[PDB]
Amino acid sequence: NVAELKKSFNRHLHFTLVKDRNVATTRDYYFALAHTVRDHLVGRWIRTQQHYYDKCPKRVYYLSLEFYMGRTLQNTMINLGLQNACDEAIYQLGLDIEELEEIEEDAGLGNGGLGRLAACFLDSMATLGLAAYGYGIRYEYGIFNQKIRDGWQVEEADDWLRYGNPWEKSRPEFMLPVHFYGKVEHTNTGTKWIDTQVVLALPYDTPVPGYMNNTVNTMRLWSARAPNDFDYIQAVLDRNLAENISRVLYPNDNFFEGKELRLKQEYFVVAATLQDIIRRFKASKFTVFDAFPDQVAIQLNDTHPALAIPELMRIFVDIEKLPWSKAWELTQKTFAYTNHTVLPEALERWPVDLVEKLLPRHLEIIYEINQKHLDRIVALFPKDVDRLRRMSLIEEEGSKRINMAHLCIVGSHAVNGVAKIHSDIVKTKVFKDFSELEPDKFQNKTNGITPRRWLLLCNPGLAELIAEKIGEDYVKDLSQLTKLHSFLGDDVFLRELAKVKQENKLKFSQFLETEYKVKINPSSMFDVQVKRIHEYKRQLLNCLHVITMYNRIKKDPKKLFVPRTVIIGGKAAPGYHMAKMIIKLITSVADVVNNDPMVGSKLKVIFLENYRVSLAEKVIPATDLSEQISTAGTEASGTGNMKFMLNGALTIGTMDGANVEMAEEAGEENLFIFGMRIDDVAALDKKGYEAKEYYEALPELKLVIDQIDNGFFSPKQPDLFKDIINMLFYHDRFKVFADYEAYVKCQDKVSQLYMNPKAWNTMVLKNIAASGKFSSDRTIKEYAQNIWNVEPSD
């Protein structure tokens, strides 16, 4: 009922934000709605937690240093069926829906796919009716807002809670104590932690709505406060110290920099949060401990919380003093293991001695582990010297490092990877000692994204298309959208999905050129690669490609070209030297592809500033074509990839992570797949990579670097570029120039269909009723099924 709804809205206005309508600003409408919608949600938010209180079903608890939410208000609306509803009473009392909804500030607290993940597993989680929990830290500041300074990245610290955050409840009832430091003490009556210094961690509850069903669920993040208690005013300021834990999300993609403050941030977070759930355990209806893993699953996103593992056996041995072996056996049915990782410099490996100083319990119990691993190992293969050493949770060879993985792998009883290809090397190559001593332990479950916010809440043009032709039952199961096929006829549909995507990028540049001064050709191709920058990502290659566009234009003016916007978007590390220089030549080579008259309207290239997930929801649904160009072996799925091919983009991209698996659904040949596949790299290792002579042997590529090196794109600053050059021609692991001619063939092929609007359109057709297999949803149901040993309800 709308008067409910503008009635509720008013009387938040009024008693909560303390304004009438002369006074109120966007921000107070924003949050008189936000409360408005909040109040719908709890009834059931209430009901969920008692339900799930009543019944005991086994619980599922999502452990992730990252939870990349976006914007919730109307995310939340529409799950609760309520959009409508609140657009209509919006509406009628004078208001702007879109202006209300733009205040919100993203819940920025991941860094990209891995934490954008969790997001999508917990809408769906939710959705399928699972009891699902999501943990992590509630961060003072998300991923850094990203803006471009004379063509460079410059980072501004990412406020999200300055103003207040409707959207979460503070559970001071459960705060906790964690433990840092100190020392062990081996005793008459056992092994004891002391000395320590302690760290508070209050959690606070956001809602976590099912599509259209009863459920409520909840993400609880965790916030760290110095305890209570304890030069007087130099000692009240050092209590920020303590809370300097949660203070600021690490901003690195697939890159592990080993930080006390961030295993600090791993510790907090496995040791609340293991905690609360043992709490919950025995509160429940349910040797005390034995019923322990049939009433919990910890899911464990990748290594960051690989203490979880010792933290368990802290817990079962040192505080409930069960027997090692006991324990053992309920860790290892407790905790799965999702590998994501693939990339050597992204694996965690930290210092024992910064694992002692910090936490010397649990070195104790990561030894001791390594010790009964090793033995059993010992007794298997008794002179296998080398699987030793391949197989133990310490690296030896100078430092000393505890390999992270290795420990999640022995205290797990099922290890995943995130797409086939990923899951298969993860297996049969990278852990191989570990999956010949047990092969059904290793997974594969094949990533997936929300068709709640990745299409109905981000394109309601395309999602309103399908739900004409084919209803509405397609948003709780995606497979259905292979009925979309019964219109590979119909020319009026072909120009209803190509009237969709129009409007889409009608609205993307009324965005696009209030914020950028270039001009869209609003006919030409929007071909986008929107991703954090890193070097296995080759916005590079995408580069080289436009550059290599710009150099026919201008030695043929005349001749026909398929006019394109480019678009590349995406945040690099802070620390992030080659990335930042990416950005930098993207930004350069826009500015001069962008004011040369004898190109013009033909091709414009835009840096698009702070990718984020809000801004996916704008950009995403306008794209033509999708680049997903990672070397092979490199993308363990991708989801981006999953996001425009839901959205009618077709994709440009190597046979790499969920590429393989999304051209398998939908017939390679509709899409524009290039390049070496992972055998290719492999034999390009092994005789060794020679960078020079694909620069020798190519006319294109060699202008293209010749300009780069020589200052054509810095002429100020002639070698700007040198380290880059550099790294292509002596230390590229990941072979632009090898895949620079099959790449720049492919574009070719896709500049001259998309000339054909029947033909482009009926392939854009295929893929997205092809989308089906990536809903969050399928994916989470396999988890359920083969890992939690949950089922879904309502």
Contents of the next structure:
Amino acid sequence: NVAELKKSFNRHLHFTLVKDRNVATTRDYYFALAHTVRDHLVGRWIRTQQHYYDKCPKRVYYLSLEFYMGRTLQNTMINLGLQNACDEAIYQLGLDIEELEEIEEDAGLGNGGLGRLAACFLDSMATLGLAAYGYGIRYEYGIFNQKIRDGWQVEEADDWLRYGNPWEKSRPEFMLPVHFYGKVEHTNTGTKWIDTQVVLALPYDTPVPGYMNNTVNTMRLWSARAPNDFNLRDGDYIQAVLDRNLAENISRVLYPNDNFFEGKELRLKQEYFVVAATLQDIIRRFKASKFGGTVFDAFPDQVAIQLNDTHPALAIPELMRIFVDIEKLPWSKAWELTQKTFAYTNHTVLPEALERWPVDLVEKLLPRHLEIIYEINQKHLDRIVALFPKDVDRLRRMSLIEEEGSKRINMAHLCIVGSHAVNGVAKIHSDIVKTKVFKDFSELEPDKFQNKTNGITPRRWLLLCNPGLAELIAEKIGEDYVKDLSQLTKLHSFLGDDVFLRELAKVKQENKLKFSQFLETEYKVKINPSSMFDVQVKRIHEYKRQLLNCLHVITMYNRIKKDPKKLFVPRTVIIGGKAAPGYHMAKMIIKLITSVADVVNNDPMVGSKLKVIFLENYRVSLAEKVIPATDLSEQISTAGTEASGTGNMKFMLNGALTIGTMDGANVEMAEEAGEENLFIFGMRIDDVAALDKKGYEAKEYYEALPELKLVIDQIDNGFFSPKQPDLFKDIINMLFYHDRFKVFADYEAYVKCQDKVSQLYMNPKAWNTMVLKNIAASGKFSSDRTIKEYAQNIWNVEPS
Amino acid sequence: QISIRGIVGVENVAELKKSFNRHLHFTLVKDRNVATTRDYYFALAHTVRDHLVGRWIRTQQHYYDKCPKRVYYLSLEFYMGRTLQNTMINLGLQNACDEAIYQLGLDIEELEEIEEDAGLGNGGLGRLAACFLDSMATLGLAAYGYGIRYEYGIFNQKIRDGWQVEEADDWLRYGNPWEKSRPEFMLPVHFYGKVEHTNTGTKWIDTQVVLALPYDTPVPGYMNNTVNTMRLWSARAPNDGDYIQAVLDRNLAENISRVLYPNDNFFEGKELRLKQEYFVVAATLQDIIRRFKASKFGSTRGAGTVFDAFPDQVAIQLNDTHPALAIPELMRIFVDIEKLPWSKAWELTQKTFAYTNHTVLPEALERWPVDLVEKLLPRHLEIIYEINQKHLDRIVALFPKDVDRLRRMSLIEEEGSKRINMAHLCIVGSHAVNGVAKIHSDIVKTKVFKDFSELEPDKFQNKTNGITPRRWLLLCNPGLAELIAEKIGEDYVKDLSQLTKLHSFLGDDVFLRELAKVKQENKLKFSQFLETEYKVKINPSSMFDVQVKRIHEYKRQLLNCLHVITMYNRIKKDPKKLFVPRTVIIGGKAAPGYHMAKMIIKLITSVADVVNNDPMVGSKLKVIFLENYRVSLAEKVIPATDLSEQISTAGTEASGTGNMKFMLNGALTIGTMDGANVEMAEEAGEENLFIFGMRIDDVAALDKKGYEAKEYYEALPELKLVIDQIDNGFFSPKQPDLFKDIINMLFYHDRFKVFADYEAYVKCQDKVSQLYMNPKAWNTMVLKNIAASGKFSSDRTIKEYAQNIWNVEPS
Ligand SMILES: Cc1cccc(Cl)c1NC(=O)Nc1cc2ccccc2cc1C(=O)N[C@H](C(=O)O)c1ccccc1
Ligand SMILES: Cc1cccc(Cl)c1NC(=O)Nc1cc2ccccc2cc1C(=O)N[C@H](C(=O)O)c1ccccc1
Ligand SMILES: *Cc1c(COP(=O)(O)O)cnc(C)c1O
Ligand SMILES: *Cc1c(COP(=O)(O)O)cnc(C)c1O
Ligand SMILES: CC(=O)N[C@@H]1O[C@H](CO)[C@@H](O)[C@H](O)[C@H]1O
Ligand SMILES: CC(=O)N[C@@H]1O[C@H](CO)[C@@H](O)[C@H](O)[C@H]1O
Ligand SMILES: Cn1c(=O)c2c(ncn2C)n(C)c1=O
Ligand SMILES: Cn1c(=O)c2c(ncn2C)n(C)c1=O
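Would you mind giving the form deposited with ligand CFF bound, to go alongside the form solved without ligand CFF above?
Expanding to the full complex; the earlier chain stays at the top.
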């Protein structure tokens, strides 16, 4: 097999890259290897499509505006069982596979957790043999490349397709028209949506290999193209051709907002674009099937469509439009079938994230969908009036339309009424969703609302990113854990095995040494090998409280400066993440962190006790490097704000201990591992509510806590910005008068908890014993467990 | 060519079938149960490209190892057409691929018809570049084509309510299996900014950057081991406000390579066009210099790289003035970047460049406003001014008392808005200037650039155009190619002058019938196409009378239309009188902004409607406006043609190349003594062409006298009738005034003297009809045309450029 891989590599270099080795580039070698690897899954890819056609399993369609896929080469090698043989083949060719792997651009087609969940799910669904396709947009530009210039974030275009993508296949044959604008006529042959502008949707297919099985599923991503046909309704010829750019702009760039709604028309076009192309494709495949007594009675027995957040909410009225206006089904039948087809996953309760589209905007762009939405709402409110004749406010609360001045469509409400199942993403969150946020809806339909706790794939997030740990675990308990991560509980038998604990520590140490080389190469800071790696990587947000971590960094710095001879447990503090470009406070927080880092790293009285890195361009491939090197994972969102989290799970699986609040899935991590094996601190959700009731006065904490006062005064008075002493005035103002996330209220408990972490870190046996308990309890957080639950309780499909 | 018989030939076919199936599977990722005809086309295309990779690599190695002098053909246009069949033929793989595809149960014609034209040109100029690439590869020259990878080539033409409409030519929609992107050779191109004159010298600063990403297409020689390269540049925004809008605004940089300017023989001074011209020049020159420095002739001294040997290792041909900015750009690189003394840099520049002039029509001449150039390319304006100053200083020295000569010879047109005469820039910056046919090159030398050729009497040359006999005989007319080979062997393909051996069959009635049979087969096949696309019943015994070329006043499709109406009126006047039946086909694109050309199309379609539907005419006369004329369609209609219409006003068509294609493929020519028509008459004998009308001196005499169109209208009853019908609404009854603009032009503003050639043209046409009634005489004349067409091989043309301009040797 090694010999044939080398032969295949050389054939691709020659015929595919059209290069003699004398003038080949590193990129050429990457592409030759990529093609060699892709070739190994084509047979199963084709045979999987045949199998689904032949056997007609119910299909699952995961519809998302985001797929945060990272790099594909190593993941594909691992899932096909080819990694070791490819490593050896490339070595024999006089190359280094790790160098080739670094050439590949991330498919950064998402913002954070939501998009990464979609990615993990694809992997899990393929590994479980489900007839599942991911449907999304092939953005020409993904999440921006982040650079730091003078300590500030600057954005560069993520031109990930510049040199091509060997992991996609365009299928222009399957191109479909999407309509916009136009007008509606209610004719005696049905409602017609006419005089529209057309944009074509060209699909690109990327293979999704199951881990060591026969399944290769598909991620189909749509790209926007201008139509070619002359219309009699049709100026400068050259400008007309250039203006084709306007249609093509629909798939140009991912909106870089994490947990934040921006009601831009282009974003609405993206949402409808993906929905319209996807539903047409699904219906085409259904009609071509052996199920293709009218045509669509079997549709929800053959089709499940999962809505990833409310971003593809328009799928609901689009399916109704197709059923009623095109296929001529009665409204009642169409609506029955629609509800049985769709399920909706809610990912946040933060109000700034909620999608509320102005009715005037929807009327202009999608007049027929607005009609359909108004009719869904009418039939919905008619029911509520029937059940609660007197409750006028309940009608207001439950309407899909918010009438308060500027009328807006509540897309979450649309998703709830149009779906048979609604789930949150962690127990704490799903409860809030059910019993608070959508109380009025769950009361009327109790069985609709569910929980499906998030998860992560142990292929990318253990086998790939941490082969040392994966190997060590395999050596002790075999490799069944890869496909059933609950098998990690067997590691509990090795508590008290001191040789094993040393082996476990050595794996972490090797990871840290490797990541330290990266850090020294990229940042030219000298890393203390014996320091605790204290890491907070996630999107920059007020709710995630990178700011709270920064206060702790400054607290540590001041303690060292005040007592230089005192025992200090050394740390490398790493904070990274992107800020949404329009998010002013997040950008200020990045500048604060880089400003602190500059002072701390260059103070000769501090030296190797404490180094601070703002980790630039945080993304999936970089997550894979830092996570395995981490000792302490920071998961410190205000209680009630992080729906689940998944970075938390990645760190747990990779041998880090967690400092965190009782928020999102942190709560379930504590349940699985034991609360005493996490560093839990701070206000619980009820404590936060009590402070809201009483009223939050940040000044009181600043006055009462001397260490906080010095930290805040330093920030406020130019200690970290001597050339611009008032630089951080907006942060200070926010902290004292507009802090929705109560940073000062958790500061004391946070610092005391951090003190306990440092104490435990001085005791390697105790530390590593606690680590083992975390790894051994991490099995619940496999996305294979998550997908099995969706399959059984939402989609009604069986792993195969 | 590769055998399909015996042990080895069976294996050749077997390997091709295996490769096809491998590509369908691994490349297209399709089970045959779901494969489309397009999938099969791509699987074959990939297979065929695989078969030239070895030679392509070994060609590059050979040029590196032996360092022959390289020829770089720099053009804004490469009108390449389809590549699959051309490549199969040149590699000797057509028979084997045909057999493989047949054994797979597929129709290779259907697969071939899937391919989009690479329509990256407007007409003759762009197609000449394409023929040249084929010939340069066939002759083993170390030659690359350099151009722009337009996302959209020449628009697709449709006819709606009788008018041209344009659709975007989205030729890359399904991908291009021929090209290979080369990311690592990306180069920056600079725009705007300003010039700083400092202690360290002149710097061009504060510029905007656009990246140029090259894509390589293989250019296989006919039956040799050479595969040359066509490198086409694509514009990208650099890597490095509303964030979203900043990302969308990257479209502005990428717009530089978005679309081919669809003007044929017409200058439109648009800023985007100037950007295109600089883009291709800047990326190309950087790439050429990089290759030179990497070569065995690359060496460094105290200043750095010695460029002394540069013009011994590099020739750059400027296809028209479109890449004229190459001259000041090479000077900019030499002087500003490499720090060469101006004098030395200018000497090297002149020895490197040669310029081909393609037209003397004034509306075609590039004259860029200096203010536009100052804005976009401020350093190039400075360099152009300095070239002009030193140029005029020499003229002052030689002709101290001739002030008007300075005005005439300046690169700058000073009157009103100052403009740069790009032709003048090309002449002074080049060591050789050539026109494209004897008559044209003489006008260029002795009239248009008289002041320059007097000063430098050896600079000016002629290189008569040619066409490749691969695409334009072997490929498009296999029936004729086979017949010729049966009679005289297959050595004509590489030495087309061997066609004179066909004179052995003068008076051989068996051969003359064979020639007619080939034409008839072509006509029947093409008639099937016409009846599928058009509501017409084609008379299979009719003469196919064809005028296909871009729509222009100078090319006089309008004159042809007057003859069509004349024929119609004769039939109506005397329905029982004998009439030699014709199918009149006129085709070509109009530039979208060219009002008169668009009116002429509408006239032709309006006439067609009347003629085709008049029951008194019936099968005597049918008229077709052939839509979307382009290279692949030219390959179909040309071999089906009996009479080739080449009727430009004397002095206006620099050469023409359609004329040559028709001659090679067994049509007789009706034409004026213009461009290469004059040379076709020389080769075949003037008595074997239907030559008519004013010659160039007659046109000059009429200009001097003053042209009064109404005199012809009053003197020629048949013309009067035609014009009155057009003017009065006979061809536009629902809109009687529709053709007012055509009538006004013809009477008061006709620079091309349509009425002045009408009488001679119609009389000449009468002679054609008479000959067509005598198949033996007709086909005897055809034989004499085919037999004399050897001069018009572009292999002959390229050998002359090689010897007399580039100083390179066929290998
Ligand atoms: C087939 C082909 C066509 C165009 C360009 C390339 Cl890069 C390729 N591939 C390729 O293999 N090129 C060469 C192979 C060689 C093999 C042995 C010895 C020399 C070789 C040179 C090339 C080659 O194309 N070199 C390019 C060039 O001549 O354009 C060279 C390389 C680096 C900088 C400048 C030019
Ligand atoms: C690997 C792959 C992934 C996605 C799409 C395709 Cl077209 C391919 N290639 C492919 O060969 N697909 C199929 C092969 C089959 C072989 C035997 C029997 C049935 C097969 C079906 C497919 C296939 O993908 N068909 C598509 C589909 O299921 O998406 C089908 C075809 C035409 C209209 C609608 C759907
Ligand atoms: C896992 C992951 C996330 C989500 O992290 P959280 O801490 O749960 O917000 C975001 N970005 C990347 C690149 C990830 O891999
Ligand atoms: C050969 C050719 C031309 C040039 O034709 P002329 O009659 O010489 O102007 C123009 N267009 C196409 C498609 C051609 O093949
Ligand atoms: C709208 C949005 O991006 N929500 C995010 O979704 C992911 C995946 O469910 C959660 O882990 C995270 O807590 C939450 O902030
Ligand atoms: C500017 C331009 O396109 N000129 C054209 O060039 C071709 C190629 O030489 C000639 O055959 C033709 O007569 C001439 O009109
Ligand atoms: C105020 N604000 C923003 O303005 C913002 C954002 N994310 C993106 N943007 C622009 N978030 C989370 C936010 O709170
Ligand atoms: C007047 N005119 C035009 O306007 C024109 C053209 N070709 C393109 N355009 C726009 N020609 C040849 C022309 O003579």
